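Read the single chain below, which is given as structure tokens and is the form deposited without the partner chain.
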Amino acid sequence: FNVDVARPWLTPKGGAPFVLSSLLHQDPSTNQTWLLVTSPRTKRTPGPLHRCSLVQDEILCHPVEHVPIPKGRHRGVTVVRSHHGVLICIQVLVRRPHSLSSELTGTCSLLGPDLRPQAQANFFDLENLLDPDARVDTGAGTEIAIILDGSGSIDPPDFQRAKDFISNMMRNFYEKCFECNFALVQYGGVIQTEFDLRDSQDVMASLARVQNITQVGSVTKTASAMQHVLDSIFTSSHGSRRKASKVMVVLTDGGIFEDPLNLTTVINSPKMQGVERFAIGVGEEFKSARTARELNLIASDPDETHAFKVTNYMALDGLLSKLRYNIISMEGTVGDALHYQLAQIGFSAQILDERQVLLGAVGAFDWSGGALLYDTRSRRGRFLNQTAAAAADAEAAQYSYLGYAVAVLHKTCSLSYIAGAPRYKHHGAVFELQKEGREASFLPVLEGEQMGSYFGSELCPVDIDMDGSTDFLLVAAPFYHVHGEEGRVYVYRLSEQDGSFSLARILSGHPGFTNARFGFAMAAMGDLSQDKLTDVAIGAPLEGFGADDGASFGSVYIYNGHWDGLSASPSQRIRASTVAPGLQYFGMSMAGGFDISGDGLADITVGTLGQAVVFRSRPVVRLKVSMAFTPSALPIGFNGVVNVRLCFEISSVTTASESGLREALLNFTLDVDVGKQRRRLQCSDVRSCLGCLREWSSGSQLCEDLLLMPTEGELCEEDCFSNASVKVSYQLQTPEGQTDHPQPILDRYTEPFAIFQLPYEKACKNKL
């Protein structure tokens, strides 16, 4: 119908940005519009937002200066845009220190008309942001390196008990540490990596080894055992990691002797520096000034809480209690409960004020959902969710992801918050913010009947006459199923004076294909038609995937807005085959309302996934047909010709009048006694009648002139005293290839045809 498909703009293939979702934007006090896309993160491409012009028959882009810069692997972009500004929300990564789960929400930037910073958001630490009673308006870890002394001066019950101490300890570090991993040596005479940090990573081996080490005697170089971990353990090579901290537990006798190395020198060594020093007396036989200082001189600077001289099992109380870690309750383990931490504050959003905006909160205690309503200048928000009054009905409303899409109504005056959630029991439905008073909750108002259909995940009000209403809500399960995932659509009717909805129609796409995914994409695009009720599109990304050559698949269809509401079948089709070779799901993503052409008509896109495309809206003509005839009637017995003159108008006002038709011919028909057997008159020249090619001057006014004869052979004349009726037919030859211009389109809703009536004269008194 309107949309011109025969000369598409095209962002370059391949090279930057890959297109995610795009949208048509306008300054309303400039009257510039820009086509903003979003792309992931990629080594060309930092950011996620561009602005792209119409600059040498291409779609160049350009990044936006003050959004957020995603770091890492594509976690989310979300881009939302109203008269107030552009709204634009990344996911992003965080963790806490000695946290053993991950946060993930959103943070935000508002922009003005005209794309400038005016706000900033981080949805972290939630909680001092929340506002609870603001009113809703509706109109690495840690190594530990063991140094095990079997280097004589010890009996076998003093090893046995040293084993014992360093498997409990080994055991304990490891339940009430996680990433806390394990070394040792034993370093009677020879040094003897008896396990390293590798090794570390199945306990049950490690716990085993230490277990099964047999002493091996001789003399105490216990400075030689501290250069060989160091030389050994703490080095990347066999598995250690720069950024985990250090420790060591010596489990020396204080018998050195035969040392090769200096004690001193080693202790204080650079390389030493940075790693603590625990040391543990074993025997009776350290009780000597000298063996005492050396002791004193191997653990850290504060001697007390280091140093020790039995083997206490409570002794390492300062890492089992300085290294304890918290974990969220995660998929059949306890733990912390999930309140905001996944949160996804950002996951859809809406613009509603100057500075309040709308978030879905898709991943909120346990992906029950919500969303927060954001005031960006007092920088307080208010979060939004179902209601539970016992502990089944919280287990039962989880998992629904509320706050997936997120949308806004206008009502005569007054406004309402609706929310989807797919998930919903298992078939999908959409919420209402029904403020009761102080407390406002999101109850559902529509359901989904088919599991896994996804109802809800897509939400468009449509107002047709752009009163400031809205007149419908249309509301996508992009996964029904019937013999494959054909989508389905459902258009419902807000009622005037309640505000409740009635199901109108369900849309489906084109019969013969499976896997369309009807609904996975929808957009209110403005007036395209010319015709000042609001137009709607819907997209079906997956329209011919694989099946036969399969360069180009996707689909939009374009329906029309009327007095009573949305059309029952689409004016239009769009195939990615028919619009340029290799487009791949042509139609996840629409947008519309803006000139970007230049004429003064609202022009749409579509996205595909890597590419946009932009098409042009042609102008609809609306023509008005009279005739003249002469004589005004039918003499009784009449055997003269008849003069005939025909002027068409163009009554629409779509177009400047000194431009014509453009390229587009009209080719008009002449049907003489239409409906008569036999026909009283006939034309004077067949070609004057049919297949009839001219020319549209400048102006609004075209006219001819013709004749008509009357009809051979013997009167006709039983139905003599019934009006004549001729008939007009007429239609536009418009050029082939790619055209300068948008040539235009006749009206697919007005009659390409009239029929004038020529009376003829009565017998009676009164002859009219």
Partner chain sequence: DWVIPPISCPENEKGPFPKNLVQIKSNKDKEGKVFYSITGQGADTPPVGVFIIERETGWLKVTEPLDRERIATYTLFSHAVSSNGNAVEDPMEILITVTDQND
Given for the second form:
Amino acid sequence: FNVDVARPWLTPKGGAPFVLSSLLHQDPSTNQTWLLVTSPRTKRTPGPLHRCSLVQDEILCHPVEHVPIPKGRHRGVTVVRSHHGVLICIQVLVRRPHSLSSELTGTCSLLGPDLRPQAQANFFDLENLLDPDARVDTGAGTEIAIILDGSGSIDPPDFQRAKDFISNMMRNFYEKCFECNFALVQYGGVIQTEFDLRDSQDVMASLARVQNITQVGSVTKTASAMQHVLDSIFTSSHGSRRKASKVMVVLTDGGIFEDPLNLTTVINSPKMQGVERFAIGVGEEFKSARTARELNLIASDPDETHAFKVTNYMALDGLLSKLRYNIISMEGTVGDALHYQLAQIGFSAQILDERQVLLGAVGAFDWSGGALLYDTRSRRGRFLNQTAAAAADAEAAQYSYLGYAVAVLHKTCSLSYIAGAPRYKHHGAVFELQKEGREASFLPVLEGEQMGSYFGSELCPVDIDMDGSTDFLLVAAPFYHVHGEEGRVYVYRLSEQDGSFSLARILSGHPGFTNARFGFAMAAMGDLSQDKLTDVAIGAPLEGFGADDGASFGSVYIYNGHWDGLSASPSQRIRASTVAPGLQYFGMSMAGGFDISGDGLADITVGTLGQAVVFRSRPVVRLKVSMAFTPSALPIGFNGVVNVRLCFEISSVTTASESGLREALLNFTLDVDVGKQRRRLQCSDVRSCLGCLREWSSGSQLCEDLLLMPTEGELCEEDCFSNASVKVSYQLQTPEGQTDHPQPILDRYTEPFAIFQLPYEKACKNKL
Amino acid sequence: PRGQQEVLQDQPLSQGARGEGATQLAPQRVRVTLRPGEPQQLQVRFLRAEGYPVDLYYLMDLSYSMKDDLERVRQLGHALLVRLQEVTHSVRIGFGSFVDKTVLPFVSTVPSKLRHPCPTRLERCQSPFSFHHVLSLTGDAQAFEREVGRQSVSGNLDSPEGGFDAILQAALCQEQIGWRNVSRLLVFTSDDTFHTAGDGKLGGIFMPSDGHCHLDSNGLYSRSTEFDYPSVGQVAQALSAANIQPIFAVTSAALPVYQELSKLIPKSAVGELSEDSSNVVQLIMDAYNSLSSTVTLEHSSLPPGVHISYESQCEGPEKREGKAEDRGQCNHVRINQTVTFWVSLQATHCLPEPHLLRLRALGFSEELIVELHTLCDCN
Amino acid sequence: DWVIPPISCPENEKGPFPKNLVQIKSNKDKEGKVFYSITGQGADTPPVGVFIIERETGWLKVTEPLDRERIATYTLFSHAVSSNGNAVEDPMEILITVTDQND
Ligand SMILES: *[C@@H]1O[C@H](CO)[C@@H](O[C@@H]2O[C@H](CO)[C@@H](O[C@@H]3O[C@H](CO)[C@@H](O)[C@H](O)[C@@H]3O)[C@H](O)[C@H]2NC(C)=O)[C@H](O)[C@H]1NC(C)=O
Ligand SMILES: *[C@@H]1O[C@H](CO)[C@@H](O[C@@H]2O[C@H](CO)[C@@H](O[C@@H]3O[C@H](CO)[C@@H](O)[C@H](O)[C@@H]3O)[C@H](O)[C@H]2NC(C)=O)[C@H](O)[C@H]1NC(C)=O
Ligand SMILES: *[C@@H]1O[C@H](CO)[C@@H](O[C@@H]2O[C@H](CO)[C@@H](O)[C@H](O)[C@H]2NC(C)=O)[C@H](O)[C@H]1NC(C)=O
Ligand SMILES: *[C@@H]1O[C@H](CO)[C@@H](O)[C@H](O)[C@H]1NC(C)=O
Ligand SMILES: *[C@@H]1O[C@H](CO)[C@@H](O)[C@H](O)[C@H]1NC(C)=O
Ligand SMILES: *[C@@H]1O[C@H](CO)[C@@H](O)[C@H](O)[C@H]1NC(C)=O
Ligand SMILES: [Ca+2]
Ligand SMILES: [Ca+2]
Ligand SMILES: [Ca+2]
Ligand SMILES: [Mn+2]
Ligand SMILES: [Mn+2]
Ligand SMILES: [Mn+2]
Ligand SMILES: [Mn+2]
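Mind giving me the form solved in complex with the partner chain, seeing as the form deposited without the partner chain was just shown?
Time for the whole complex; same chain goes first.
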């Protein structure tokens, strides 16, 4: 129909950007149109948003400046548009100290109508941002190195006590510290590693080799033991991590004897920077001050709580007090409840006004969902969720994913927000914000019919006549199953009197494809038919998967709006194979309704997976057709000339229609005396009247004079006194040549034929 | 001259499991003396005394919520294998596993928990994975018991578990799972709802799943993080295309979720993995007992001038109305059921006096032998 | 650490010399070779070498006869070093009394 699949503009194949979604944006105050595209992060892509405009019949792209910068893996980029501005959200990862699980919330930047930056938002510590009275308007780890003195001068009982201390500390640290890893060394005489950091990955094996270690007597080399621990255990060559905090536990009798390295040569060395030290006195030979001084020099600077005796198993708290961890309750374990840690605010979004935005929160409260109504100016918002106070069992509402999609409804009285919950009771539901007293909560209004269909994953209100109300609401069930996943899209008429929903139609793709995923992407494309109603577009990304050579697959359907609602059958079906090769998943994102091509008509955009296509639209010419005869009424027994005049003209005009009207062709035939066994009127040039093919020059008019006359041979004798009827049938043929302009098209909903009458003069008192 | 028909050997039917103890067809030898325009007839009977072969993939969830239920699955495997091996001589049983995708919202990504997902470091555990094929379909029962008795639990972040990916990959990975193309059964164990297509969006996975095999050499579905979970439609289509009947042995709490899935996947069955676990074994025996066959009578090439035809009769007086070659087949035979046939032979002219031919059931080891004597001359 | 009983050497004994009074025993000797060097007034400062110690055993020996009534007591110390040159035991202030003969 309108869409000009002849000349599609494509972003360069393979190279950047990698388009995940495309949307056109027009600045109201400047009438500039850009084709915005979001892309994931790579070593080549400069950012998550680009603006691309058509120059030299090529789509050229640049990065938007003040958008937030993604980092690390791809985790979601949302871009939504309204005549007030653009809102771009990026899912980001943050880890807090001593937390064993990470948070995942959004970072959003609101640019104005001209893509300059206006507002910023970081949804960490959401409990601060919340104001539950806000009116809703509607109009590294640690590593411990144990250096154990088996030098002799330590009777076996003391060795066993030290061994027990090691085992007890190890067990407690494994029980109550998760990111703790251990090492062990024994330096009586030679230095002898008993197990390494790499062994500590197995708690049972490391704990088991403790109680099996044997003594080595000889001589007390503390300095060499510590230097070896620094040089061969706290090093990456033996599994030591760069950022992990490092700790030591010297378990010695403080009797240093025959050691080459001054113990100050080691404690003041470069490598001991940043390494904690705990001393412990094994046995009892602290009769003199030398042992105490050595033991404390081993101990870190704050000698309090850094020197002990093996008998005090409570010695190494502080480490166990500071290294305590917390877990988000996960899949069978006890822990902190999920409130806002993984809310994913910004998953969906809708700009309501210059100040306020509405953000989906699919993950809040065990993935029940919600939506944060965020006032960017004051930086405060309200959380809107399903009410759990009616019945104490909120478990029935977990994993609903309310907020997977969000929309608004512009009823004649007030706005009314709706939110899709594509896993409600495993069917899916569409919620509507209802307000009563001092409370405002979501309640279930529509429900799906099949498990796993994802009913409510996409919503598209449509104002069919552009009057401020919302007449229909389209709800998507992209994974509906009959044979495969064909998809399905419901069409809910919206009542003006009551504001409730009533079903009108169920839409399904062209038969023969089992995996279309019809309903994945819906976008009200504004006015493409140039007739002041709202047309819709529905995508089917997987239509054609694996067919033939697999060059391209996908489809997009166009549903022209009508006075009584959305049309019954699509007016067009763009197929991937007819646009260009290499298009895969053509139809996953769609937008349009603005002039990006350079002429007054609206244009569409359909993003594939990895490319964006832009389609111009064609003028619609509806032809006025009129005629006259000579003589006006057939005389009695007329054998004379029947001269005709057949004048054509245009009935609706635009600049584009003027630009393109004049390189297509008109083709019209004349059928004379319709419906009779035999005709009364010839065509003096049979080749001509039965078929003509003319070219159209200027202005709006193109007329022709053609000749008829009485049928050859004997004249009719059975129907002389009745009227004749002449039917003109016109078709418009468009060459494929390289005409710069989009060539016109006749209206699909208007008859291509027009019928006139040629009377006859009866013999009665009144001829006609 | 006149024709004659005769039987040359005797053999009764039997009910053994193995070929020597089993009987498939009528006695082995007969004789027929044909003459021009004088057809003669023979009678045949068939019995399926042996059982069909079977293939059985046991696919169990190894998330942490299953720690209390692992005794049940470990016993279910044994109680299933004993029953099946008491009936069919040639069972094959495999084993696979699954936890979830390795992306943040589903599985924690911090390295410490990625190595040791369990709450405490004293627990015996294993790193998360999406699908880990552990034992290709084999006749070694002891291997299956030893392997199923060795796996350890993993962790996860969300109650939904991604077993749909495992089912799809089991369906699509035929060459390395080890399917024999005979009869297939999948026994899927879990105690949680399942992820479906659309859930991957939360983890940033945009690429729709595709119907191709993605098992590494070690058996892991490594590329899982890059594709979305399959839709129930895709799973149904794949299982149907591969003729696999699923049997969801699911906990009494996750049973209501899977009893609606049973309606979409047509041939499936759902049971409760109780402490007794006889109901699931009975379901699997009912699935095995659904197997039926259509028996056809093959025959050897006839000598010049000779012809042949068939007739069949099912249980009861029922015949087959399709004449000629159609009556050479009988359908809907199950365990220890029997059917019968009549084969007619005719001669137009003689060329060799002696001859021989052979017939049998379609693809069966036992066969029949016919000795022909076609004559033109007078007595 | 050290193991030393109270110390005394009577007045003006009969020879010959040296004579053993007490033993200056260290503690880390179980790991080996704790050598000695007595010092202080009386050993390495006048009166010269009145008391000297054997370097390995630790025997404190009197070198020549004594009298209190010239000096009442002789304070002393002991360095104690290992074979690697590092000190082991810090000095302990021995204090010997020539116990009077009531004359
Ligand atoms: C950007 O494009 C829009 C849409 O075409 C333009 O809006 C149009 O603005 C004109 C005035 O500039 C509006 O009035 C027109 O004026 C005269 C009578 O005064 C007459 O030629 C027309 O009948 C018309 O009334 C016009 O209604 C308005 N169109 C719409 C649909 O609202 C806008 O001006 C453009 N902006 C710039 C900066 O050029
Ligand atoms: C809808 O959202 C409301 C909040 O706007 C949810 O109610 C809240 O539910 C949480 C569940 O954890 C309650 O948290 C409480 O916090 C502490 C710390 O654990 C403790 O007192 C309790 O054990 C409990 O966990 C919270 O009090 C409660 N109310 C408020 C005002 O926050 C509600 O659950 C959501 N409904 C659904 C269906 O998701
Ligand atoms: C003008 O349009 C008419 C249809 O409105 C064309 O008529 C067709 O002519 C072909 C032969 O050329 C016939 O086989 C078809 O049955 C006719 N009708 C249709 C609907 O195709 C006519 O050909 C056109 N003229 C030119 C010059 O192309
Ligand atoms: C550990 O026990 C083994 C025997 O099981 C023994 O050979 C070894 O010496 C013991 N000691 C250590 C430190 O492993
Ligand atoms: C099963 O049959 C298919 C289709 O004929 C064949 O390609 C395949 O090799 C066979 N075996 C297996 C294990 O799939
Ligand atoms: C060690 O260094 C100190 C000064 O830090 C020095 O006095 C001492 O002699 C050195 N040697 C020993 C054995 O302590
Ligand atoms: Ca309206
Ligand atoms: Ca329209
Ligand atoms: Ca245009
Ligand atoms: Mn020692
Ligand atoms: Mn459980
Ligand atoms: Mn689980
Ligand atoms: Mn999970």
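Take the two forms, find the largest set of C-alpha atoms that superpose within 1.5 Å, and that set is the rigid core. Residue numbers count along the first chain shown, from 1.
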(request) Tell which of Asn385, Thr654, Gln356, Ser109, after superposing on the rigid core, has its C-alpha displaced by 2 Å or more between these two forms, please. (result) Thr654
